[PDB]
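Read through the structure below, which is laid out as structure tokens, and then see the notes.
Apart from one protein chain that is not included, each protein chain of the complex appears where it belongs.
As written, the chain order gives the labels A, B, C, D, E, F and G, with residue 1 at the start of each chain.
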Amino acid sequence: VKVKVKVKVXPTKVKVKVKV
Amino acid sequence: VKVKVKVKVXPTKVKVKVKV
Amino acid sequence: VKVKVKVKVXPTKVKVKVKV
Amino acid sequence: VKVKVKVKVXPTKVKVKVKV
Amino acid sequence: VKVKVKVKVXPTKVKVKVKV
Amino acid sequence: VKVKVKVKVXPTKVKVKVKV
Amino acid sequence: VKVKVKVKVXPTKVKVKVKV
Partner (left out) sequence: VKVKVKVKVXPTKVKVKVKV
């Protein structure tokens, strides 16, 4: 099970991911 | 100009903040 | 701009705070 | 469980990796 | 640029400060 | 629980590792 | 240019200071 949170707005680039 | 995200991702717990 | 990202990774507590 | 958190905001890159 | 990354991991608490 | 932390601000780059 | 790391384990408080 792989779970991804991302938002990227030009200057602000956030990506979070979790494997289970 | 900002970014906000609060989220619970499977078993993690995540919050994001950009304050102009 | 002032930036915060924080995550609880089971017991682990990570705080990231940036001034760009 | 493995968590990978990746962020870039102004002239900063921060990467955190935490294996539970 | 001022970066603070701050982390607690079992009995261990760690402050990392980068100032450029 | 094992932790890797990496911050890069232009040329300034620090990698930090925390194992209990 | 400064980078500063400070670790705390119960009765143990150590710091490392690194500059250009």
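What we mean here is this: a residue touches a chain if its C-beta (ideal position, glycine included) is under 8 Å from a C-beta of that chain, and two chains touch if they have at least 3 such contacts.
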Chain G, residues in touch with the chain not shown (by the definition above): 1, 3, 5, 7, 9, 12, 14, 16, 18, 20
Touching residues on chain E - with respect to the absent chain: 11-12, 14
Hidden partner chain, residues of chain F it touches: 11-20
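Here is the rule we go by: only the chains that are shown with their structure count from here on.
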Higher-contact pair (C-beta pairs counted), C-F versus C-D: C-D
Chain B and chain C: spacing of chain centres that average the CA atoms, whole Å: 10
Sites on chain G at which at least two other chains make contact: 1, 3, 5
